[PDB]
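Below: the structure, in structure tokens.
Here the complex is missing a single protein chain, while all its other protein chains stay put.
Going in written order, the chains are labelled A and B, and every chain counts its residues from 1.
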Amino acid sequence: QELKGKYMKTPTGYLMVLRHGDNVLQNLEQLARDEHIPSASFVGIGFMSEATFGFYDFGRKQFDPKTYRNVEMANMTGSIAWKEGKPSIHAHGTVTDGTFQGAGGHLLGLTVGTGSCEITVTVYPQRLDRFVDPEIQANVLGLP
Amino acid sequence: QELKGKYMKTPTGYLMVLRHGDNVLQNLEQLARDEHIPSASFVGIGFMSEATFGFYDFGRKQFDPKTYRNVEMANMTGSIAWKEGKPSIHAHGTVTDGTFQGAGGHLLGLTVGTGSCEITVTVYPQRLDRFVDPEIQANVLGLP
Partner (left out) sequence: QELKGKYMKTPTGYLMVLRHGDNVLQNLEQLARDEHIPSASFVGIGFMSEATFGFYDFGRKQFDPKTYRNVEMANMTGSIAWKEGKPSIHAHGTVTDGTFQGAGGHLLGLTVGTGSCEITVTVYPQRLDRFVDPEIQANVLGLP
């Protein structure tokens, strides 16, 4: 019942409308599990109480993080796939505040604020996993 | 005849190409009315003579606005729905100038400059309204 009222089936996939306090990537993980999404693309917009990005450091194998608060999310773009049996969301975003200046990159997590988040999901029939590309030491989406 | 030559039907919705001087959100409103769009998602790009954003102030119930001139629109992302019988466009954007620095957020209005605006519209069969969410005092897209 977690996702009750938070999405609708569309001809090409789903439309999701998340609400105050919803954890965006976790709700996309739950959609993947509830609807058994083989793989998907998505885009979205909304208003976030917090958005955390990471810039990956290959040397020390860690994301350097940064958190923004009470920001408009001008765009999110990403994919749904799987890794080790669990949903594996890969999302980027662009956020702006009352200066209107943009920031963002690779999303680690984000939470809807006093607003909503509209997400347009295009679902594919192929079950896709992500794997570590040994040439670069990063996760990449595998295609058939 | 307003929209003559400005869009084509696609398998999933429409593709719109707006031209010098066109008011982007107003042309999306007109597409909604002319094609009786129940609801839709969209993304787009273009070059704007002006783009006006707003950062909403919940205390005084007003957007603080900011206008940018002669800017590339690196992305727009949004939705078409209805409110009180009229089209209700919810759009965000990201704009850049000759410094290449990004800015944007919630769009209040924008006008195509010496360029064009390409808009990819995905149309859904469900008629959707936006409503004020009393928990947050903001418009949210209602789903069935």
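Everything below uses one rule, namely that a residue touches a chain if its C-beta (ideal position, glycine included) is under 8 Å from a C-beta of that chain, and two chains touch if they have at least 3 such contacts.
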With the missing chain put back, one of B:98, B:125, B:134 or B:144 would touch it. Which one?
B:98
On chain A, residues whose C-beta touches the chain left out of the figure:
12, 39, 41, 43, 53, 55, 58, 64, 66, 75, 77-79, 90-94, 101-106, 122, 124-126, 133, 135-138, 140-144
In the full complex, which residues of chain B touch the absent chain?
5-8, 10-12, 15, 17, 19-20, 43-45, 47, 72-76, 94, 96-98, 100-102, 114-116, 118, 120
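The definition used in the following text is that only the chains that are shown with their structure count from here on.
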Between chain B and chain A, distance of the C-alpha-averaged centres to the nearest whole Å:
22
